[PDB]
Each structure stands twice: as structure tokens, then as C-alpha cells.
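Okay, so here's just one chain, in C-alpha cells, the form deposited without Dimethyl fumarate.
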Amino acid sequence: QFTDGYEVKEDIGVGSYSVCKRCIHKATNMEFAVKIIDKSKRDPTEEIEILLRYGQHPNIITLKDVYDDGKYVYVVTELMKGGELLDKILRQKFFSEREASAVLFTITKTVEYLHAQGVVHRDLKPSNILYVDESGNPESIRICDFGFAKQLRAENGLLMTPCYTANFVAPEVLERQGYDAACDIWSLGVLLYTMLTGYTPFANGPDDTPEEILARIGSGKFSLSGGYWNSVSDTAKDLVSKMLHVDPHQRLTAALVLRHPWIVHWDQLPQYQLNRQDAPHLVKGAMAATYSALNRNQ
């Protein structure tokens, strides 16, 4: 009885396992997004329980309603009307370090919360961090698409957080959750690198092969020097180098990112424009190529 309460409008995204559409709540005229998931092709139970428990976070996409008609599950959420955060920030020619730090603070506070509750997102690409409206302020940021996220659970399967280690979990999955949480931070490091310079750390555009992108990720070195970087703060460059550390064990955690001087002393950061490449569509293609390369064994 979704179509009893909601008028369905056009596709916002099509996927192999679901379609996302705009819809209108009939009685109130308010607009929403609906993710329609094929129950034969995918089981969305984990995703819905995470949204139910954690969607009241101000910066996580909020669940408004859910239906199941047997063949499809309908997950109604707030509609993102401000577009993609990275793309909107790359198209702002006067964006500054100080605004970049405020944005990373808001996203990283949200990921610190999720990791502390035992939830890893595992798909934190730019295309899943969006603005709910065009106000441009930090309260409008949303982490979206928890269709790959996982809640930590102990050996007997009870829901756990990484502090309650007084029930047995195989150090196995404790190490795998540590790795997925460190991948979330690496993704935030790729976001920050691109926000500061207007280009991606491991790909130049959509035609980079997956093998050349993976060889750059593996080298453990990247440029924090030269035209677009030279003028960025050394503290920003230090933070970026530690979030993109090639060794997942030595990578900063979300907790430690939030203690970095570049986040803590935001009031001392420059408010004049960054010197960046202006090629937001090229970045979109580089970022799709980077995550296609990395996710090719799912």
C-alpha cells in the first residue's frame, strides 16, 4: 500500500538491485525519495535496521516510511535536493580551507559515531555524501546509501560495539571491522584531497585503467606538492597524508582525525580561495574509475 499513500514520479537512480524514484506523500504534498528494492535479487534487512536505528542522526539520511508488498520493499527517505557535496564544492570557485575543515568535521563526526556503535559504511564514495537542500550549511549534509554497511556482532551473533569486547568475537572479524573502518577514513581522505586541489589523488579521469589506479594506490606515495598544493596549509597536507596512509593499521581513526590541529584550530585556517583545478566532471569520472577499480571483486 505504498502507492495508496504516495504518488510515484521519476527515476532518480537505476541499479542492478533497486530503482530510486522521487515520490509525493499524497495527503501532505511533501516530496520524498523511494528506494524500491527487488526482494528476489537482494535482502535489504541490514540496511533498513541501520537506517531505523541511526537515521535520527542529523547528518545521516532519515527514514520516513517503509513498505513491503511481497515482491518489492519500498524505503522512503528524505529527498536530497542540494545535489552531491563534492561536486557542489568543486564548482565553488572561492571555496577555502576553513570551509573544507568545517565540512570534514561534520562528516567525520558522523563516521566517528557510526564506528563507535559498531557500524561501518563500506561505500563512502563522494556520490553517497549529499546535501538535503541548497542552504550550503553543515546541518544540510547527509551520508546516504547504507546498502553495503555492516553492524559488528559477536561470535553468537548478538549486536556489539568495538568497546564491549567482554563477549567473545573472533579477533578475525575485529580485524576485518578495523580494516573496513580504516577504508571509511581512506575514502574521507580521498574526499579531502580532492576538495583542496580539485583533482583526485589516484586517477586523472574516467579513462584511467583499473590497473594504473590500483598501482598508484599501492605505491603509497602521492603528490602533496606543486601548483595546486604548494599554498595549502602544511597541517592540511599532514592530515591528508595520514588519512591516505597505504597501511590500514597506521591510518588515522575518525577519533584521531577529529583531534588533528587542522580540524581543532579551524579558526586559524585561511578563508581566501584555494588554488584548484576546475574540472568537476573530470573528477566525477576519475572517482567512478577509482571505486570501480577497488570494488571489482564484490
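Between two forms, the rigid core is the largest collection of C-alphas that superpose within 1.5 Å. Shifts are known only where both forms have a C-alpha. Positions refer to the first chain, counted from 1. First, how it differs from the form deposited with Dimethyl fumarate bound.
Here the two forms are overlaid on the core, and between the two forms the C-alpha of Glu155 is the only one among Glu155, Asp133, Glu212, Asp207 to shift by 2 Å or more.
Considering only residues present in both forms and aligning them on the rigid core, one finds just one run of three or more residues with C-alpha shifts of 2 angstroms or more between the two forms, namely 155-157.
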Given for the second form:
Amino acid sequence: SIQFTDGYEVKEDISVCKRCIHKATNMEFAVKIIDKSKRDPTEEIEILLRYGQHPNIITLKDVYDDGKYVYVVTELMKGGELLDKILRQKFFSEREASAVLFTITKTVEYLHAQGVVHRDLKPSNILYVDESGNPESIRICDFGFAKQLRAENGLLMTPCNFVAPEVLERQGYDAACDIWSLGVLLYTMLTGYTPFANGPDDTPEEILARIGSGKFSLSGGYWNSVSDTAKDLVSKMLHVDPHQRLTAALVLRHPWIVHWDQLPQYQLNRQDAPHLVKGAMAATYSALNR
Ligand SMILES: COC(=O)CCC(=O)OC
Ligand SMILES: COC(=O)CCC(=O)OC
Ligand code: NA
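Please give the other form, namely the form deposited with Dimethyl fumarate bound, since only the form deposited without Dimethyl fumarate has been shown so far.
Below: every chain and molecule of the assembly, starting with the one above.
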């Protein structure tokens, strides 16, 4: 009945994502406009409906379906990408890096336990809702690739009936891939450069050759100022073998997360090239998805 046009005014582009105005309040929101002939966003909407009330998951405000497009209205992120803000802070410290990773990983731990893998958890999908710089303002966004574990009969399941074994191991693989991207995030927060790519021009083959070799530098340079506890966690999040990589639950038990209050609060020594990083990250995830 009531359409999206009726309660909202559409504004500039930000699937297609636009800014909009709720007419009764003049508050502003984001709407993701989804072409039903391209893809079925039932999964994405079910996940946002069930789980968007989490303080650190993007919150769903309104949904409409006109038969062509689905309109998914959410809070509008006004604080930009997390990594963009953090890489431009000269005085950022491991203690702040740990508070950020804690907030994010606690959210991922909750999702995985509810049977949800994100599958697109790159840094540019992790944003700040406002400019406060507070970890509470973090939001994980874009669940367009996420998946709920289900049984054969359609019944929502949690990893703790009958689910096909290859649905389970694939879910396991997907959850590990989620943690690996949080590893990429951590590495980059600590040093100002990404682990597998130097810039947007790195070839996909060389990025994948680095990923597949399971090796990345944890010593020297920007890493001289960084604690062993941090390096240890990074190494266990980026481990190339998903069977050996930490889970979200184990990340939260690492002393770098638990003992944050013993972490150095002096400034990290980092590359300052946030725009280079952005292109290196895009190159890294392009190589991955192919
Ligand atoms: C309402 O959803 C959007 O505005 C799409 C963009 C996005 O979520 O990027 C992280
Ligand atoms: C299929 O993609 C993934 O498994 C992402 C994580 C990963 O590449 O670890 C090496
Ligand atoms: Na939320």
C-alpha cells in the first residue's frame, strides 16, 4: 500500500544506495535499492531484521517492496569508513586498536554463534555512524553476501536436526574467512599498510601468491614499535590454514584483547598513505573474489 516515495524523499547516490529524508521528521537515512531481477534479497533482509538491533550492526529502519525493487532503509553512516578515520590519526595506539577490534570481533562472535557468516567483511564495510571516534559508533554493514545456516527442510539452525555436511564445512570455511579479514584489518591498523598488497597496481597473481604462501612481515620497520602480543594475534588471525586460524571466540580470549589495559598507549609508528591503502585493499579483495 504505502510506497517508499510516500514517506521518503530520495536524494543523491551514496544494488544502488541513496540518501533519503523521512518526511514526517526530516531525519536522514540511507536506502539500498535492490533489483529483484538481479538478486533475491530475502536472506539479507531476514538477517537485518533479526540481528540489526545489535548495537554494532547497521540498524534496519524501514523496508518496502514494489514488485520490482526492494527498498531497504537503514541508519545513514556519517562517520566514514573505519580504516579511513584510523589511518589518518597520528596519535592512534595499540590500546585503541584493541578496543576497536574487540567491539568488532564481539559482533562477529555473536553472528557466527547465531549461524550467520558475513562473507564480505572487508574494511570498507565497517563504518562509523558518527564522528565521535567511539568504538560504540562502529557498525558492520552490507550483509548482501551473508548467509544463515539452515537445515535441508528450511529451518534456521545455529552451530551449537540434519544439515548437509558440505553446508557445515562451507559455513566453517566462510566463518574463518570472516576472521581472516579482521586479521587484514588489524594488520593495517597497526602499521598503516596492508599485508598482501602495496598499492592498487599490484597484480592479482602476486597478491594471491602472497596470501597462499601464508607469509607476511611481522618484524622491522613499522613493526619495531609493536608489541609481541599484537604480532602473535595477527599471525594467528592471518594463518593461511583455516583449520588453524583463530575463531572469533578465541580472538576474544587472546591477551591482546583481554589485557588491553597493559598495552602501550604511545603512538604507533605507521605509514601515512591512507589513499594508497584504500587502493591496496580494493586490489586485495578484487583478487580474492575474482
Ligand atoms: C543502506 O545501504 C547502503 O547505503 C549501501 C552501502 C553500504 O552498506 O556500504 C557499506
Ligand atoms: C575464499 O575466501 C576466503 O577464504 C578468504 C580468507 C582467505 O583467503 O584466507 C587465506
Ligand atoms: Na544496530
